[PDB]
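Novice: Single-letter residue listing:
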Amino acid sequence: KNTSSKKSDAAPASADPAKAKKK
Amino acid sequence: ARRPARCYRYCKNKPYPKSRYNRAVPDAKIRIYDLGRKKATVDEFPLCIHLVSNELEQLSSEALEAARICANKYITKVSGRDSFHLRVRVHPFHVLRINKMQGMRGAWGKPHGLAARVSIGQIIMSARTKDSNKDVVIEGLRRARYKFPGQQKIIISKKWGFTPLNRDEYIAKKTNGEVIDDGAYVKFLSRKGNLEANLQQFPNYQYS
Amino acid sequence: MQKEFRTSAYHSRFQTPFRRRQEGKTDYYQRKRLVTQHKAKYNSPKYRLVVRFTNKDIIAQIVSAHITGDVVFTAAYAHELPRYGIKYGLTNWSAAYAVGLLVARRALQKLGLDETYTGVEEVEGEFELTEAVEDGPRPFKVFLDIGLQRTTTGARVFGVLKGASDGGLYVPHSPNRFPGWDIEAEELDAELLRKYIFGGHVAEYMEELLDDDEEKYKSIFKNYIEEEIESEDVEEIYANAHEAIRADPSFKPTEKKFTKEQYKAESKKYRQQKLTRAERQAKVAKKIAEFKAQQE
Amino acid sequence: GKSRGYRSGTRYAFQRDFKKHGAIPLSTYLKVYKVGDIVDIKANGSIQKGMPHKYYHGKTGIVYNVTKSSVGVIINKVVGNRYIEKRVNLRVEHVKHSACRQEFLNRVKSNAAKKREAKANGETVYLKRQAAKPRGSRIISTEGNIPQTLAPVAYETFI
Amino acid sequence: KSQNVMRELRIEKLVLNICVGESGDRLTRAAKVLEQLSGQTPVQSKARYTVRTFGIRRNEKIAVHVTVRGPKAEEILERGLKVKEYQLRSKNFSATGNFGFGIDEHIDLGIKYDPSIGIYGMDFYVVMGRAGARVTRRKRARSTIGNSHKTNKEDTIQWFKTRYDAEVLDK
RNA sequence: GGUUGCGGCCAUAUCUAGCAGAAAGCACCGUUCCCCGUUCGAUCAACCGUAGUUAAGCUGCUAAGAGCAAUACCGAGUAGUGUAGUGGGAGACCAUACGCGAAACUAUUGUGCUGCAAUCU
RNA sequence: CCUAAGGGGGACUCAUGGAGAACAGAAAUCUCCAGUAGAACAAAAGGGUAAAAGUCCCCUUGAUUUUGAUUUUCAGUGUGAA
RNA sequence: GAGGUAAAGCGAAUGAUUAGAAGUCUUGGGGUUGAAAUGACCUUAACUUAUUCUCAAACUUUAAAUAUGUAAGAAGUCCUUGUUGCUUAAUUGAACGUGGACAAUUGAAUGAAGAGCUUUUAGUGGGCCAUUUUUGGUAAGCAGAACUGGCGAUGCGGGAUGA
Ligand SMILES: [Mg+2]
Ligand SMILES: [Mg+2]
Ligand SMILES: [Mg+2]
Ligand SMILES: [Mg+2]
Ligand SMILES: [Mg+2]
Ligand SMILES: [Mg+2]
Ligand SMILES: [Mg+2]
Ligand SMILES: [Mg+2]
Ligand SMILES: [Mg+2]
Ligand SMILES: [Mg+2]
Ligand SMILES: [Mg+2]
Ligand SMILES: [Mg+2]
Ligand SMILES: [Mg+2]
Ligand SMILES: [Mg+2]
Ligand SMILES: [Mg+2]
Ligand SMILES: [Mg+2]
Ligand SMILES: [Mg+2]
Ligand SMILES: [Mg+2]
Ligand SMILES: [Mg+2]
Ligand SMILES: [Mg+2]
Ligand SMILES: [Mg+2]
Ligand SMILES: [Mg+2]
Ligand SMILES: [Mg+2]
Ligand SMILES: [Mg+2]
Ligand SMILES: [Mg+2]
Ligand SMILES: [Mg+2]
Ligand SMILES: [Mg+2]
Ligand SMILES: [Mg+2]
Ligand SMILES: [Mg+2]
Ligand SMILES: [Mg+2]
Ligand SMILES: [Mg+2]
Ligand SMILES: [Mg+2]
Ligand SMILES: [Mg+2]
Ligand SMILES: [Mg+2]
Ligand SMILES: [Mg+2]
Ligand SMILES: [Mg+2]
Ligand SMILES: [Mg+2]
Ligand SMILES: [Mg+2]
Ligand SMILES: [Mg+2]
Ligand SMILES: [Mg+2]
Ligand SMILES: [Mg+2]
Ligand SMILES: [Mg+2]
Ligand SMILES: [Mg+2]
Ligand SMILES: [Mg+2]
Ligand SMILES: [Mg+2]
Ligand SMILES: [Mg+2]
Ligand SMILES: [Mg+2]
Ligand SMILES: [Mg+2]
Ligand SMILES: [Mg+2]
Ligand SMILES: [Mg+2]
Ligand SMILES: [Mg+2]
Ligand SMILES: [Mg+2]
Ligand SMILES: [Mg+2]
Ligand SMILES: [Mg+2]
Ligand SMILES: [Mg+2]
Ligand SMILES: [Mg+2]
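Chains as they are written, first to last, in the deposited numbering: chain i, 32 to 54; chain r, 2 to 102, 113 to 219; chain m, 3 to 298; chain 2, 2 to 160; chain s, 4 to 174.
Check the hints yourself; a few may be wrong.
No more than 25 Å apart at the CA atoms, straight line, and that leaves these computed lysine-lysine pairs for DSS-like [to be verified]: (1) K69 (chain 2) <-> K143 (chain m); (2) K32 (chain 2) <-> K48 (chain m); (3) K60 (chain 2) <-> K41 (chain m); (4) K156 (chain s) <-> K32 (chain i); (5) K34 (chain m) <-> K110 (chain 2); (6) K34 (chain m) <-> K142 (chain s); (7) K34 (chain m) <-> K35 (chain 2); (8) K198 (chain r) <-> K289 (chain m); (9) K21 (chain 2) <-> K55 (chain 2); (10) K142 (chain s) <-> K58 (chain m); (11) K288 (chain m) <-> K203 (chain r); (12) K37 (chain i) <-> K49 (chain s); (13) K5 (chain m) <-> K156 (chain s); (14) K41 (chain m) <-> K50 (chain 2); (15) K185 (chain r) <-> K289 (chain m); (16) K153 (chain s) <-> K16 (chain s); (17) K43 (chain m) <-> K50 (chain i); (18) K294 (chain m) <-> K184 (chain r); (19) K27 (chain m) <-> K32 (chain 2); (20) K50 (chain i) <-> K49 (chain s); (21) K52 (chain i) <-> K288 (chain m); (22) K134 (chain 2) <-> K115 (chain 2); (23) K69 (chain 2) <-> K41 (chain m); (24) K129 (chain 2) <-> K110 (chain 2); (25) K101 (chain r) <-> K30 (chain r); (26) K153 (chain s) <-> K32 (chain i); (27) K43 (chain 2) <-> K41 (chain m).
Coverage of chain m stretches by chain s, computed from C-beta distances (three or more under 8 Å per stretch; other residues unrestricted) [as the list claims (entries may be wrong)]: (28) 14-27; (29) 140-154.
FYI, nobody ran anything at the bench for these hints, they're computed from the structure. C-beta: ideal position from N, C-alpha, C; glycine also.
Construct the complete structure from the given sequences, taking the supplied hints into account.
Specialist: As structure tokens, then:
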């Protein structure tokens, strides 16, 4: 069927900033 | 450990600061630059006295710390800890290098210490206080002069405290409502920008 | 508590785009590719077929670009069509075809290539390019400029394309964006294209809607109703319009009810004019004094 | 390790002007270059094809060849004790007409116009340019401008 | 004039989201539920990156969502407001004038229950807008909407209360 | 003079917040049989110009507006620098001579101009 | 190192922030607004790039043939590269 | 025309960096207001806003001096119309031309024991010093670069003496 396409460019992300524990 | 300061007196090399290119740099011995009653308002301490360099020279962080401690101790001992606001006006950002810690092959040195590069007429230390504490504050800086190499002059500022206005222009701007407190410093009125914000910020503004 | 983003430094370092790109009207990439000419042909210009669609009008212009600005060679508008016999549906695909044919014929009249390069006089919907005549000047070459409008098989811009091609202008193109192109079987069904050229889809909609919803037919096709124009005589409306367009493609400007000076004087009465420095200084003084009532 | 690549040391030379990055204004592509034109060379960093070597950034030369998107420019480069003729192929994005030609070319027209006008009047005119000459004598009026006496000022500290 | 015909608030779109945390059969059944409710083939969303705590990996098909416009959107919205018994909170409305809620069982909407399908919760979001939003979405001459024409929280709240005779809480 | 299409230079044109906009134009706007594209006729495609609106777009005006642009008995002939001395000074550095000469600061002014075609109270 | 990460065309616009939506929390997915690039472009760093050079899609083999001219290093020789 | 060093800048981008002030519903914590409220209060710490002290060879809006590319005519400018298989929709251009006009102020200064050209061959291919710019090093009569002038290769007067 159909699926969402990657509008973003963070190819080698695999995680994200700001995502800090205890926050 | 530490070489004599005579090995690093002159600005012979380009500025070598901490960066992404040198990382294993020690910390400066001086970390505190404001002493005394640093929360005092501008109107409390009208008299400003500077220690000014008459040399193009390098001053180590160790010397800055030593002179700061000497001046602070003397002035708080003689006039009290709340009679002045001392500010060190030079920050040591230049990294000195040491080589041995063979011979001249691969002689690029390692970080060894920190120094402030000062010019002629550059202010090293500023002390805002009351007029009656002049002779004390002066004697506080003159002792601090001994911790530095080279020649320094003790100059009584023409201005009110650490402000850029003369002691007469500050009073004029004060009776005209054109300055407001900001904690230890002040804000001056601007004739540019949003009129409503300017008027709100200066209610006592005698417009002409 | 987040940082305010729109600082004075943000505006200071902001680099505004080209004026007509910030308006969202010119694709300068495509414009560069279309306009730029081989440097060894020096001052020979490239000619663009500018095709633009408004909510009510079709604009077709033949343009060459220069440093002081673009220069129009000829122009045909869809609102010129009532002169030729098409009064309604001034944005059909067929109205686009008519505008393309008109601009091609008008340009050829301006140049003098009327008797030579007549074009496709018997429109059967077949794909064809204007071929040069031996021992004679080459056909006027024009490249299509559809601007920001998307390229779809069946789009109205290619109706002007076919008209310009059929009017005698040489416009290089392929038939895979025309209405009636079978993408699976890569051949053009020229019957459906000819249907589209003479308003066949609109007439078929009239016929299909009339027996399925007479009230909607009465609202959508009003102008046809008060003119007593049915579907079966739509084709003639175009075939005659075609003939008339070929008979006299010259531009006739609308007679102006007022002179240029009268128009300018009328428009000049409205639109506010900037305040003098003294006026706004007095305004500032008034606002300062009038701020004195909230001293608390 | 030494580095000596084609674009070494061009960090600032090949930069776009501040707030002038992006698309090329199209007057660059509408200009017409003829063999014999004098052109300044300035590499545009955003167009990497037909780009000059860093030596030719800032040089001015003569067009000798015109191609689809480029011109050939003749440059005289010092190699030791003489000049060598260099032939550089440059896309027109790195090229602009030299503004020196026209001043000459207007001075040629002005000299031709002045000569015929003096010929029309049967008189003579001198067309050679002159360097700035020492100024002549003059009289200075003192009505409203009586001389004001200045003195050197004493030394003061303003900090 | 603030009382202009073209200033009328009305629904732009309704987006139905089911973020099942895994990939495979369960996500397929959530897609079946969405295709049943909307009558349109839904689209599956892939994880943007890998999180071990959530048990997801990059590019693993996690969620499924669908956008509905027109009368069907209105029908689905009121069918979902019936489950909420027409009582949202003030916190449910964004500063841009959009609102959303989340049901917990998809059989409460009024569709047949299948043991094979099971029950999925569901997420509803409504994008509000007046006429003329095409300016910000068209290709040529794209611009911004004037301040008075913008949709905000108060106008959307008042419009929802008037059009549905519902209550907007604020606990 | 307004407006549209296509532009040149590419902020004096941008950004924020208000207000106004006759005529035409532009625009939003209405519909889905047809070519076409979508999860969605939202975009894209097509049809009607018919049912409506200047609310928005667009345009103009307002702001001790931000930014941008220009100017200067502004700062400052200052910083820097080419050239010179068997100048000063232990040195660091500095003065002088013949020349060139900033940036910041301060104040004021301005806030698109314009080319081709068409059209309009 | 790459049959694409080469070539062409088209559509879209990243980093990030704010405000919102069941489980869902600092981090899952969805929506709007803001967003001059603060991302991404194989690999060092610099330059360059926004209706793209970035992301996604379609078609492809110009990563082909014959050899000349030219730029850099330069002896104005070779090689590499353009 | 080009440039990005000196200077300058940081209430301009990036990076470094001192101090307060006023604010906020992820405040980071301590006490008590509390039955507890997470809803106040005292506090420190975070951020936000407008400020404040000090910086950058591998930062920068701006931006020198010195130094640098090109031009300042007769092989120039203008007018008319000849050639082509190139180019244009073309009778458009491109290049090269025939014919005609502009006469010594023929288009800045200063200088010019004249300009241009060719062949052939020696020695050399260890360098060093001074001013200024400048790198490593604590520095060195140390090591290494830039421009010029010198010594080497050079005597003569001075510096007592000294490349
Ligand atoms: Mg990537
Ligand atoms: Mg050194
Ligand atoms: Mg110490
Ligand atoms: Mg001392
Ligand atoms: Mg711009
Ligand atoms: Mg295109
Ligand atoms: Mg190395
Ligand atoms: Mg190197
Ligand atoms: Mg540059
Ligand atoms: Mg290449
Ligand atoms: Mg090259
Ligand atoms: Mg004469
Ligand atoms: Mg899971
Ligand atoms: Mg006027
Ligand atoms: Mg109207
Ligand atoms: Mg639609
Ligand atoms: Mg459309
Ligand atoms: Mg309007
Ligand atoms: Mg309006
Ligand atoms: Mg302003
Ligand atoms: Mg202003
Ligand atoms: Mg000097
Ligand atoms: Mg000297
Ligand atoms: Mg002497
Ligand atoms: Mg001088
Ligand atoms: Mg690529
Ligand atoms: Mg590709
Ligand atoms: Mg591609
Ligand atoms: Mg593309
Ligand atoms: Mg190969
Ligand atoms: Mg080699
Ligand atoms: Mg080679
Ligand atoms: Mg060579
Ligand atoms: Mg060679
Ligand atoms: Mg070779
Ligand atoms: Mg500097
Ligand atoms: Mg500096
Ligand atoms: Mg500066
Ligand atoms: Mg406590
Ligand atoms: Mg002729
Ligand atoms: Mg002749
Ligand atoms: Mg001269
Ligand atoms: Mg020899
Ligand atoms: Mg020899
Ligand atoms: Mg030899
Ligand atoms: Mg030999
Ligand atoms: Mg030796
Ligand atoms: Mg030897
Ligand atoms: Mg010497
Ligand atoms: Mg000297
Ligand atoms: Mg040496
Ligand atoms: Mg020897
Ligand atoms: Mg000698
Ligand atoms: Mg002697
Ligand atoms: Mg001697
Ligand atoms: Mg002696």
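Novice: Evaluate each hint against the coordinates.
Specialist: Evaluated hints:
no.	hint	result
1	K69 (chain 2) <-> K143 (chain m)	holds (19 Å)
2	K32 (chain 2) <-> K48 (chain m)	holds (14 Å)
3	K60 (chain 2) <-> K41 (chain m)	holds (22 Å)
4	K156 (chain s) <-> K32 (chain i)	violated (37 Å)
5	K34 (chain m) <-> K110 (chain 2)	violated (36 Å)
6	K34 (chain m) <-> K142 (chain s)	holds (20 Å)
7	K34 (chain m) <-> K35 (chain 2)	holds (21 Å)
8	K198 (chain r) <-> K289 (chain m)	holds (23 Å)
9	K21 (chain 2) <-> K55 (chain 2)	holds (21 Å)
10	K142 (chain s) <-> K58 (chain m)	holds (18 Å)
11	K288 (chain m) <-> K203 (chain r)	holds (17 Å)
12	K37 (chain i) <-> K49 (chain s)	holds (9 Å)
13	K5 (chain m) <-> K156 (chain s)	holds (23 Å)
14	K41 (chain m) <-> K50 (chain 2)	holds (16 Å)
15	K185 (chain r) <-> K289 (chain m)	holds (23 Å)
16	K153 (chain s) <-> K16 (chain s)	holds (16 Å)
17	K43 (chain m) <-> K50 (chain i)	violated (60 Å)
18	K294 (chain m) <-> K184 (chain r)	holds (20 Å)
19	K27 (chain m) <-> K32 (chain 2)	holds (24 Å)
20	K50 (chain i) <-> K49 (chain s)	holds (19 Å)
21	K52 (chain i) <-> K288 (chain m)	violated (56 Å)
22	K134 (chain 2) <-> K115 (chain 2)	holds (22 Å)
23	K69 (chain 2) <-> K41 (chain m)	holds (5 Å)
24	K129 (chain 2) <-> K110 (chain 2)	holds (14 Å)
25	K101 (chain r) <-> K30 (chain r)	holds (22 Å)
26	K153 (chain s) <-> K32 (chain i)	violated (36 Å)
27	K43 (chain 2) <-> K41 (chain m)	holds (19 Å)
28	14-27	holds (count 3)
29	140-154	holds (count 4)
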